[PDB]
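Quick heads-up: it's one chain on its own, the form deposited in one PDB entry, in structure tokens.
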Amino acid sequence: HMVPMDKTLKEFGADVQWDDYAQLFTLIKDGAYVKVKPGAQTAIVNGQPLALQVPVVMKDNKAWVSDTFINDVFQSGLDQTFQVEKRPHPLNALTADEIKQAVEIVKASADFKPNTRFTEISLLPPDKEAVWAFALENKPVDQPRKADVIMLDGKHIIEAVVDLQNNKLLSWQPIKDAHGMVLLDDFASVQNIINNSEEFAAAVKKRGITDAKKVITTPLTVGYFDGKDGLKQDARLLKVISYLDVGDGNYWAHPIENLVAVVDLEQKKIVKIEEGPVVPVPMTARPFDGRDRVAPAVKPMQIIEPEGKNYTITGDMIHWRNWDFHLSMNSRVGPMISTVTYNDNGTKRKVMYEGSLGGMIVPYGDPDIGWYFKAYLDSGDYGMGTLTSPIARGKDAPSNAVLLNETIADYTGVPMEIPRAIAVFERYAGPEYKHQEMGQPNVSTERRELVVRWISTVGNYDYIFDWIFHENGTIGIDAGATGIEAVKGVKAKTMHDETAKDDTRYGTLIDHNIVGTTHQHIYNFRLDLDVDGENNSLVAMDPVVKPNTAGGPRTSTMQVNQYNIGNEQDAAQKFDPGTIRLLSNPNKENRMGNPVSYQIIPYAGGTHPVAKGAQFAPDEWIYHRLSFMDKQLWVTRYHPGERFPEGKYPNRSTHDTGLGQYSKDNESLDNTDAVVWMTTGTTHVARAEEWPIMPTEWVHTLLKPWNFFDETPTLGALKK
């Protein structure tokens, strides 16, 4: 029997186009570009003929296909985008089975507990040297597949290491004073605790809310205030900010200002309720999904690759032109780009052993009760990999993208597959280079970039990360921000109202009774670059104007002050976009005798004002606990255990256990394995254009090869 084509293909996730003039169906799904005519015996897949056992049947204007059409066509093999990995890469993320295995091992230990949850179950990284040997020399990693299992027993953190190869527990170490990150069930717990709170229902009622059932809560971390917040450091707590559900699908637009409940998770009870002046709840419906809007007619635009892609995905490894890298997923920081090499006329040269988001922070600047503690560490306290948002095909990524699925473990230790977790796509990016010599034939070549996009949503914010591999050796990393703003309810409707001045002291009035509290977005990227080898050095090149001492009319000249940065303490600094910073390899030079290097650019621009550092007086705790905020560039000695800027356990941390710690010993950075950390952010002062929903804003970072090659990288293969 057969099934309706349109319905079935849509369900499948393929785009369906019917051309009445050509009596032709064009079907697109990732790397597959298919063409099929009703009644035809063969179809075309990426330019290649495919015999069909059952042709497409057109009945009374409706097409029907065999129940095998989707598999015969899309899994034919004519789409070579994906190839089966023969020799499993050592950096492959834990499979579902491995996840379940690690969980059975710890549950087999005499100490496991029933309520024991899992904050992170991830692969334990083999030694860097063995992995490179595999990627480069194809030498097998004879070290056992291990996995880190970080558990949360109530409010206590426990670190366990399991041996997957030999199915045995290798270690079980409790971590005192450490708090665990926020977990999914805590969200449900908070809303439930508030719904059962007699006092809170009372507090809410005195603030104009009749039906307390329509109150939506939000789980926020409290941070650390040396006790000034009057909060017991020992307890596992969360503060709660509420909004009113008006039925417009956007509760963020209806804040219940000056009301904050403090919830103790293990005690499952409200341990405190801070109240401030009663402010009428903004009631006007402000939907952002278009329900109240007119759909504008727009002409279609498709980016197509009818013969397939230029990249191939073997297991988790991606090959594209001269690039080769491994892409995996982590529940905390998200995507991880590993063993990145560039094929230089036959020789795979090392570039980056491991790169990924390091961590990020979004601190607000309002002193009031519902804002003073608000300083989010999204990846660290919430797990952005876990909160990945499936890519909306054709919208969140261009129509010529390939969408990958990724698997991680949820908090209960059960394997979780995230559909459309990461997007891969090549894109036209203007001319690679060009020169129109007067009176001569023109010379131009197009530029192509391979983009790896991942989106994670934590509450009201939606973050987008792109890892851009330029064909010419350059690597870009941009961060985009969109979503819904965290607003403050105020009495003023316009700037003409008596309270306007005070209501807008910490933010712009972007709507009637609504203020967009100023805050910042600070991202940090951990880049373990191995510029053509592990032993590198950090070099600085400051362009300067010096007095002319060679004669002639000129009084000055443009020269450069070049010097090495021998230690971590000095490598941790502000970035002047007017200067040049390089991670060179003092052991290898190019054809001209210059050390092969990569230029590090933490700030290549952005669409919001740039954050010159953390907008905090040097005496604020947040500024103290987290030092990665005030420096745009950091360089440390390679250590497999140092991966987070804010520290491994930032939830209510008392001191800096991250970059401040990784560099406190001020170690030598001369000709050794270095790790670059780039910090970049924006200072967000709101405007009406960003409400009810914010247009995507971007920040750009860059890694350019500096004398890494001997000439224009894209000139082409030498003919003679």
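Residue numbers count along the first chain shown, from 1. Only the largest set of C-alpha atoms that superpose within 1.5 Å between the two forms is called the rigid core. First, how it differs from the form deposited in another entry.
For the residue set 686, 56, 678, 32, core-aligned C-alpha shifts between these two forms reach 2 angstroms or more at a single site, 56.
Once you line up the core between these two forms, the Cα of residue 665 stays within less than 2 Å of where it was. Core-superposed comparison between these two forms: the Cα of residue 654 travels less than 2 Å. In the core-superposed comparison between these two forms, residue 46 has its Cα shifted by less than 2 Å.
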Second form
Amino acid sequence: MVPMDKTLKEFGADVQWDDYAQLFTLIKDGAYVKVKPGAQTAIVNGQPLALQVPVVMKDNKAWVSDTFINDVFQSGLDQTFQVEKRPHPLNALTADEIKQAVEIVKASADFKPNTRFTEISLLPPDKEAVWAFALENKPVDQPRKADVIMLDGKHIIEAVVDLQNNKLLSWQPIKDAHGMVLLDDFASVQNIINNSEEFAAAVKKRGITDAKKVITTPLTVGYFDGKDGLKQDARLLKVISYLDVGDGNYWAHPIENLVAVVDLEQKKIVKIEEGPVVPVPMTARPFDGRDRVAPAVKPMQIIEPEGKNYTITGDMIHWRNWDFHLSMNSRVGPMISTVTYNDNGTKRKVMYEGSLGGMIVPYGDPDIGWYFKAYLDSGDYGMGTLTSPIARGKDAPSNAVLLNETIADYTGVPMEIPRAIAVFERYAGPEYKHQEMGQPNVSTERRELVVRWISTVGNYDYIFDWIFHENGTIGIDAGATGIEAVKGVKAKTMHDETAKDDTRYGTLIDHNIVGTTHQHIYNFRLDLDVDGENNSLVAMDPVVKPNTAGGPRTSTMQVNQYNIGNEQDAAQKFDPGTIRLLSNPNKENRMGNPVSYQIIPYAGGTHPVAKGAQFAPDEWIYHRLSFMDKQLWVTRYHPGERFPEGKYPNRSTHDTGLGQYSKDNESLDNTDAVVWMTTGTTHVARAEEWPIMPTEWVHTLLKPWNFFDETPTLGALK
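Given the form deposited in one PDB entry above, produce the structure of the same protein in the form deposited in another entry.
Shown next is a single chain and nothing more.
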């Protein structure tokens, strides 16, 4: 025997004891168990299970078999997870493949000693073959291959390896490309600053008595055509510092106007920029509750005693009429693939691949410590790598299923991220309703399947939800929380002398602290295949036109419809008052309308909206990142175009992302299109967001438009 509570909690299961019913309720992900002390059977998701050894009470402490967890949880009565006998072609590289790929490039004579790995991912099989596997069970007759991007010092080398045949296919150095920031670069920066006599001197000057309490942050320096005095060939990082005061929150203690420039290869500071000295805000501002007592709250549980409505086979998720594949990438995180909607027996294509494209958090302060601050969290730091394990019951509801995902770290060693993604179903008000006067009411509840992922890069914590509605709609929400990057200022209140100058580029949220204004810009890459590969982009602008039919009305509500045939015209601002459809000119619904999906880049948000990039068109960040200034983009499908900010955005000199992908202005008529949605916010801070910011959300939507012939949720006809 072994202690229950002790064993079960080590297993991660939740244990509830009801003294009135003499019943134990055990819960973990998809398993919902009920067992009574002394009973010869138990219940798993509503199904009876015979027990070898009943649960026994010993001194008011329950005890169970050392084989209990296995017999009960691995019984088979929990059908949430099913075995995958035939591995899906888009499955992420396994630990063995990650290690095989690293062995292949290490065997090459060109592999240098301290080489690191910026990314080790699956090389995308051809789209057609993948769809054939998902729709026809047809085997992908092409060897699994992996892209292996290496960083040798500061040099990028792209290699391709054949995993099935275990051989190196190509090794290509990438000229003038800088590598993203890697984990070890964080320590270097701190250690380099620590051993800097000059930096220590510069710090002493600014009031810091003990330099060993100085916390550094590794920041990309961008590109300024030399105006920032930085060598374009040197792998650099700028260091903004803070003072650790023991409140567990060094972000509340900026050392303003002090910027160090570090050369990662020479391993030393190559420039110290000093501005006006500003006393360091010292007041303790912890955010972890160490100085708080939470109010008592009555318990709330969301339960599915019979198990979940979804099934997870390997990485394939099935739920209602939806079927899709969920995989992980170290750079962009979750990838939703081969998405189909089972329309009354027939699976129709919706989206081949969808995922975060890229994002950026640029600032609007010109001072020495802020002008270069423009963060590309996924591109320059790797959001998948920095995935934050979900806090069960808090980051996601209590009826959620938490998945572990595996990627490779910067040294090429497999890394398993526990609770990397959350999958959960939720009530979302009534699906539809009609209370005809004096008649029996008609209502059905709405259910949404949410896939949630949280990544934390430095001070921002980002939340992404991929929401599947029963009626065919797909939502993509992005939430932002965490700690704001603040500027140290002399003003304590708005009544102080410097208050006006101190708050020119941001709100005074605390004494001597200003939350510098900035933007949050998310871009989503959506390779939609509306009921097929070949589609077209159609615009429908609701307009007011003069009445020509006669009668009292002087005007009417009509629609201005027209096709958008090329990439340049597809790159546009989005009017939430207009309609934009990706149609399939080859298929129609029962009424003769082209089956389509309505694209809505902006469906709402809790922070002010970013209409475009808050930068003059002559700013370098603006020139480098075109995707910031347009909410909608549509390009021709290409396997190597997956990032809005380009493949190598670190200190880039020009737009290699969506600016490059659409440069050509190719035809978008009846062909394989890829939609990119850009949605952002302009963040002007307030006191309510300090020391920690309450989650703010933005919403996007993809709605079926005449894709079906009627309300998709009425159900199948008898």
